[PDB]
Every structure is written in C-alpha cells, then in structure tokens.
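Presented below, as structure tokens, is a lone chain in the form deposited without the ligand.
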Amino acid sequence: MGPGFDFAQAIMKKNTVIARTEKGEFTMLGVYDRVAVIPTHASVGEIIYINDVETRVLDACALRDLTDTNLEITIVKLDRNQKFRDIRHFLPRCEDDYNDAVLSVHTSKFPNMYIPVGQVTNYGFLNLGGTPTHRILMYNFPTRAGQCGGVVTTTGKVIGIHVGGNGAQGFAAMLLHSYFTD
C-alpha cells in the first residue's frame, strides 16, 4: 500500500520459504547462499521440510550472546539445490530503535500477510516462555500463534524475526550483520 509494504514484499517474494518442523510451520528468512534463520523454539533437527520438500540440515546453531544468554535465533544451513539472493547488506550493524516497521508472514495458514506494527523499541531483556532472552525488539500489535518467524522490516532494513507476544505486544529477535559474516 506504501513504500514500507513495497520493501517488505520484495523480501518476502524472493527471500522466504515455508519451514516445517515437528513444532509446526514457520516463515523462514533466507539470508545468503543456503543459510536461513528461524526462531530457536522451532527445534530444528537433522531433517526439515522447505516448501514441502524433505531437506537435510547441514548445520544448525542456536545463537547466544557473550553473556551466554539466549538470542532465540537459529542459523540453519540447508542442503538445498538453489541459493538465496544475498540480502546481508540490508541487515543493521548495531542494536537500535526504528520507526514504522512491517511484520510479514507467509505460511499455509497465513499466506501473503503484511502487518503495519508501527514504532519498534529496543526492548532488550525479555523472559520469553520462561527463557531469559536478549536483543528483543518490541511493537504494540496483538500478534498471535502462526506469525513466529515473520520478517520485521523498515524501508531499506531487515531488522528482526518475530519470536513471541503477550496478547497486546509482539517481540522480535534482532538480526545483526555480524551473525552472517562467512
């Protein structure tokens, strides 16, 4: 509908896949080569479904900060026959607040879903499902079950992936350029 939705649609149409684990279906952001991200609570194993194709997981790493605190991001390398468009240049370098973000979701249940979530706070610490978690972004939108893995964008930046909510607010794990240095 506007330049925010334009940037979000460009990311969704080329850099997402539908990931299915034993814990359900997630929006999964592909970042470069065969490297993607997903919320750590997806519990990625040795085999994952990617757009309903049985796919070997070559590596999975649940990220923690240097205080050894959960970040709720898992980086997956997929045994896929095709690379992702490299979008690393759209990742922020530092922790930050943002204006006017869009949360975008694409699953069997919620195809082509785009949400204007508005102002994004660098919230920091959250007790997420009883797990102390750092580098959390907050937005005042009543997000719900099925939106985990959703991509959070501003114009020009891919800033986070949706990981939870409390019924009034939604919470995203930051994406930083330093996670995807090769």
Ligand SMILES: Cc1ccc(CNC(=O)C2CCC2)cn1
Contents of the next structure:
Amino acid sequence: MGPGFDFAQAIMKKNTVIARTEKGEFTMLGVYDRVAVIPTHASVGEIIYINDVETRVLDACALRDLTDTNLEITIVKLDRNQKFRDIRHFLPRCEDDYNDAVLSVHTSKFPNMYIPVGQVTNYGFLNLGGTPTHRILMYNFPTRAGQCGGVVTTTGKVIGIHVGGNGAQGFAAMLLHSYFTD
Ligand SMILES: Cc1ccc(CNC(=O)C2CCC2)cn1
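With the form deposited without the ligand in hand, show me what the form solved in complex with the ligand looks like.
Now the full complex is given, and it begins with the chain already shown.
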C-alpha cells in the first residue's frame, strides 16, 4: 500500500523460502549464497524441507552473544542448487530502535501476509519461553502462532526475525551485519 510494504514484498518474493522441521513450518530468510536464518526453537537437524523439497543441512549454528546468552537465531547453510540474492547490505550494523516496521510471513497457513507493526523498541533482555534471550526487538501487535521466522523490515533495512509474543506484544531477534561476514 506504501513504500514500507513495497520494501517488504521485495524481500519476501526473492529472499524467503518455506522451511519445515519436526517443530512446524517457518518463514525462512535467505541472506546470501546458500545461507539462511530461522528461529533456534525450529530445532534444525541434518535434513530440512525447503518449499517441500528434502534438503541436506551442510551447517547449522545457534548464535549466542559473548555473555553466552541465547540470541534465538540459527544460521543454516542449505545443500540447495540455487543462491539467494545477497541482501547483507540491508542489515543494520548496530543495535537500534526503529519507526514504522512491517512483519512479513509466508507459509501454507499464512501466504503473502504483511502486518504494519509500527514502532520497534530495542527491548534487550527477554525471558523467552523460559530461556534468557538478548538483542530482542519489541512491537505492540498481538502476533500469533504461525508468524515465527517472519521478517521484520523498515524502508531500506531488514532488522529482525519474529521469535515470539505474549498475546499483546511481539518479539523479534535482531539481525546484525556482523553475523554474516565471510
Ligand atoms: C516485489 C518487488 C521487487 C523489487 C522491488 C524493488 N526494491 C527492492 O528490490 C528492495 C531493495 C531490497 C528490496 C520492489 N518490489
């Protein structure tokens, strides 16, 4: 409907796949080459389904900060025959607050879904499903089951992936440029 949504749809059409693990279907953001991200609670194994194709996982790393605190981001390298458009130049370099964000989801259950979530707070610490978690972004939208892995964007930036909510607020893990240097 506006430049926020246009940015969102562009990231969603070229840089997302549907990932299926034993814990469900997730929106999965492709970042560059064969490297994508997913919430760590997806419990990625040796094999994952990508758009319903059986795919070997070449590497998976659950990120933690230098205090050894969960960040809820798993970086996955897929044995896929095709590279993602490199979007690393849309990743923020630092922890920050944002205005006017969109949360975008693409699954069997929620195809082509775009939610204007509004102001995003650098919340920091969250007890997420009983796990101490850092670098959490917060937005005042009642997000629901099925939205985990959804991409959080502003105009010009891919800032996070949706990892949970409490019925009134939603929570995203930050994406930082430093996670994807090579
Ligand atoms: C569906 C669609 C595709 C591309 C575009 C043009 N803008 C971009 O490519 C953005 C830079 C990162 C995403 C707009 N809408």
